[PDB]
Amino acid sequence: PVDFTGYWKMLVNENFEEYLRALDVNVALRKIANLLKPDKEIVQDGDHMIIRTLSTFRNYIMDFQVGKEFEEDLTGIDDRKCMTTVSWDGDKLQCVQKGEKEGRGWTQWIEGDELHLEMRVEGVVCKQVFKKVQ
């Protein structure tokens, strides 16, 4: 129902250190992650989506069909593998990442001209907000 396609620049990044720690990211890699302001480059065609999380350090690429469970390789983040499903919730995207960590996933939606992303694991919540450059 919504088209997320765009290059979205980060404006807000709350509790990211707390989220990476809950994934057992070691202290040096958390130190550099503090420098980063990852952007979202998204291309979508219907239920097919590529979400490229771009940073000067390391990118993370997601490439998926909404509603199709897939083996997600989170190499670069915590190098785990998850059984992951992205689903439509109205205009919102809900992601459940099944694996070692409880309650791992995220929610993505657009409010106005703002891309919103909440990342969760073990009850830690990271809030990110992005905007296209007008």
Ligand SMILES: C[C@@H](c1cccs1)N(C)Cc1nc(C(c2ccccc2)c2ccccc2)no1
The other form holds:
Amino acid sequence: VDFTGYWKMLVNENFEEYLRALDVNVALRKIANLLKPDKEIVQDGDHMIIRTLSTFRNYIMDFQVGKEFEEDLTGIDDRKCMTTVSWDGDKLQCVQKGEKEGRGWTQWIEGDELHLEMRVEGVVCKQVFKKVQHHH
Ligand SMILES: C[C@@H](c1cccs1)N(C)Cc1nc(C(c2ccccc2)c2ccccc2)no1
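Structure of the form deposited with the ligand bound, please, following the form solved without the ligand?
Shown next: the complete complex, the earlier chain at its head.
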């Protein structure tokens, strides 16, 4: 599996409850639900760069698969986590150790679709992106 590409958001399901489970305030929650970020991903061996891009915020993950790293989430839910992204078959599994229980996400590909499931304290958000070729 190779996630390299430019991806455009198609659906964003149960995002508001996921943010509510992170204790994001109502007003910020309302702003975040209106965002439809693109994803620019470069998979370079075990080195992974995931750029989540929007006018409101560019969130950059730059990590080595299998290596724990300190993830700065202050601009999101005002927290930090010790995060580990690992391979699980053809799926990418992320565990975010921190204050919130069961926090993490799973990423995988189906055809021309990038699938992203985010989780925290039983709440599941599901996002699907489409691979695109017009670069901005
Ligand atoms: C970005 C996301 C992931 C990146 C790679 C796997 S998940 N993560 C940080 C949690 C998350 N923030 C968001 C979303 C967001 C922004 C502000 C507050 C709460 C959520 C967002 C972040 C950045 C750009 C545009 C919208 N929606 O989800």
